[PDB]
Amino acid sequence: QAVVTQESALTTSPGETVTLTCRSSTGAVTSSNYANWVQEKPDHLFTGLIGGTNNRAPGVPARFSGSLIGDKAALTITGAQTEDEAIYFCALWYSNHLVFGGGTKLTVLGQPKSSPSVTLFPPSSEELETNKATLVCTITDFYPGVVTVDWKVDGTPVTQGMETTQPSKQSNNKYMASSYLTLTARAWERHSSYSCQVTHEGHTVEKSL
Amino acid sequence: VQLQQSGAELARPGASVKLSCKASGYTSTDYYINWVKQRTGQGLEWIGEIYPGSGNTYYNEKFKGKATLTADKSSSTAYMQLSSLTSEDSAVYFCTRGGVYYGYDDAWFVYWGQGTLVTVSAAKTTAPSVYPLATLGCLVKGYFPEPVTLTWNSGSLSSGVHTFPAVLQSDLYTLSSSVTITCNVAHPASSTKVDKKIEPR
Ligand SMILES: COc1ccc2c3c1O[C@H]1C(=O)CC[C@@]4(O)[C@@H](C2)N(C)CC[C@]314
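Protein sequence lines correspond, in order, to chains L and H.
Going by the entry's author numbering, the letters in the first sequence line up with residues 1 to 9, 11 to 27, 27A to 27C, 28 to 106, 106A, 107 to 206, in that order.
Going by the entry's author numbering, the letters in the second sequence line up with residues 2 to 52, 52A, 53 to 82, 82A to 82C, 83 to 100, 100A to 100F, 101 to 125, 137 to 182, 193 to 213, in that order.
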């Protein structure tokens, strides 16, 4: 089908105005796409915000408004509040079927930016005695809670055997995540260096063994 | 309006399970039920639509043959049969409804059920291997099912500790924790409770 594209993440501050966008892979977003918006708050609390491009649903605050901007649909929050921190999904109708966008995580800032604290652990002796080797990359104290992880072996980019957790909130309202690189014992011995690289707010923090 | 969904479900690959969503309130109108899929590592995905009063349906091409939507007017209930289950079918499935006497151009996702969790696995109960990490840490690898519990030095060590969510490696779950010296791991499903201390290399 068509593919619907949203920002992966966006940042705003209390009282600011932020616009979220929702693009269609087929061309301009038309009024015949009848653009919907859905807000997801923690614990699967969903609220239908917008129908028919710009009809705000009963009960939804007036600061929410939908519209078309150029060739795409959009959701504008005029005077963002703390409670507006959520994931916003858009959805487009293509005559006989519906497609959701990937969603946009909206952070409403409540503390200064914080870069990820990164630690990388080697496989233990006892794990190697099963002829397996797991490299553990712990990532903590970053804000906003959005990170990309990339691994390397002797400088070359790794493409297989990586598992990474969704960023989860800390008690100090910063975020944490973990990434695991799973190998055989021999494969870990073959190489001189392994590295975990975290991308956050346009900057990379990296650790190597 | 209320949408009551069926209970959580556990299945083996290739099997089939049937979910249900009972609507309450203003069911004299003919209304749409939209089904939605959300995996733990994904956003929302539209499965299809069904009107329980008129039986009409709209489908997502990707789910034709995977999901079948049916309904019955008098009980105000919609069903979704999921066939030939796989790991990608593990998700929370939501049913949704439009507003009462709303327009077609109003928001379609007004009322939401509590969601039905579907987990597809061939894994038998497996106790976690626990490994020291050297800030220091504790690696909890290869258990099933969730959950596990982890503390540090019987719970006397709590500040400066980060315990990360579980992840699925090789059809089993793997977890980790770290501290700025021993970790206590409990896997009730395997009736296990292991302790491991970090002797330096
Ligand atoms: C312009 O009208 C519409 C545009 C888009 C959709 C609909 C419209 O009217 C309804 C219709 O005819 C059948 C399809 C569908 O049930 C569906 C999608 N749902 C989600 C909402 C209601 C409705």
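Mixed in with the good hints there might be a few duds.
[Claimed, not checked] In silico DSS-like pairs for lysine-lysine, Cα to Cα no more than 30 Å straight-line: (1) 23(H) to 64(H); (2) 62(H) to 70(L); (3) 62(H) to 103(L).
[Stated by the list, open to error] According to the in silico footprint, chain H covers these stretches of chain L (three or more CB under 8 Å from chain H): (4) 68-75; (5) 126-137; (6) 163-170.
[Claimed, not checked] Restraint ranges, calculated between C-beta atoms of paired labels, are given here: (7) 26(H) to 59(L): 23 to 29 Å; (8) 3(L) to 105(H): 25 to 31 Å; (9) 3(L) to 55(H): 52 to 58 Å; (10) 161(H) to 27(L): 49 to 55 Å; (11) 40(L) to 81(H): 54 to 60 Å; (12) 77(L) to 41(H): 30 to 36 Å.
Note that these hints are calculated values from the structure, not bench results.
Backbone N, C-alpha and C fix where the C-beta goes; we use that ideal spot for every residue, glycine too.
task = Check the following: the C-beta atoms of residue 40(L) and residue 81(H) are separated by a distance inside 54 to 60 Å.
result = 31 Å, violated
request  = Quick one: see if chain H covers the region 126-137 of chain L, three-plus residues with Cβ-Cβ under 8 Å.
outcome  = Contact hint for the region 126-137 of chain L vs chain H: holds, 5 residues under 8 Å.
task = Please count how many residues of the region 163-170 of chain L have a CB within 8 Å of a CB from chain H and say whether that reaches 3.
result = holds (count 3)
key: CB-CB spacing for residue 105(H) and residue 3(L) relative to the 25 to 31 Å hint   = 29 Å, holds
ask   = the region 68-75 of chain L covered by chain H? Criterion: 3 or more residues, Cβ-Cβ distance below 8 Å.
value = Not satisfied, violated; 0 residues make the cut.
inquiry  = Can you confirm whether the C-alpha distance between residue 62(H) and residue 103(L) stays at or below 30 Å?
reply    = 26 Å, holds
ask   = Taking the beta carbons of residue 77(L) and residue 41(H), is their distance inside 30 to 36 Å?
value = 33 Å, holds
message = The hint says 49 to 55 Å between residue 161(H) and residue 27(L); measuring C-beta to C-beta, is that right?
response = 53 Å, holds
task = For the pair supplied as a hint, residue 62(H) and residue 70(L), confirm whether the alpha-carbon distance does not exceed 30 Å.
result = 25 Å, holds
query = Between residue 26(H) and residue 59(L), does the C-beta distance stay in 23 to 29 Å?
reply = At 24 Å between Cβs, range holds.
inquiry  = What's the verdict on residue 23(H) and residue 64(H), does the C-alpha distance respect the 30 Å limit or exceed it?
reply    = 22 Å, holds
query = Given a hinted range of 52 to 58 Å, is it respected by the beta-carbon distance of residue 3(L) and residue 55(H)?
reply = 30 Å, violated
In the structure shown, a violation is registered for the earlier hints numbered 4, 9, 11, in ascending order.
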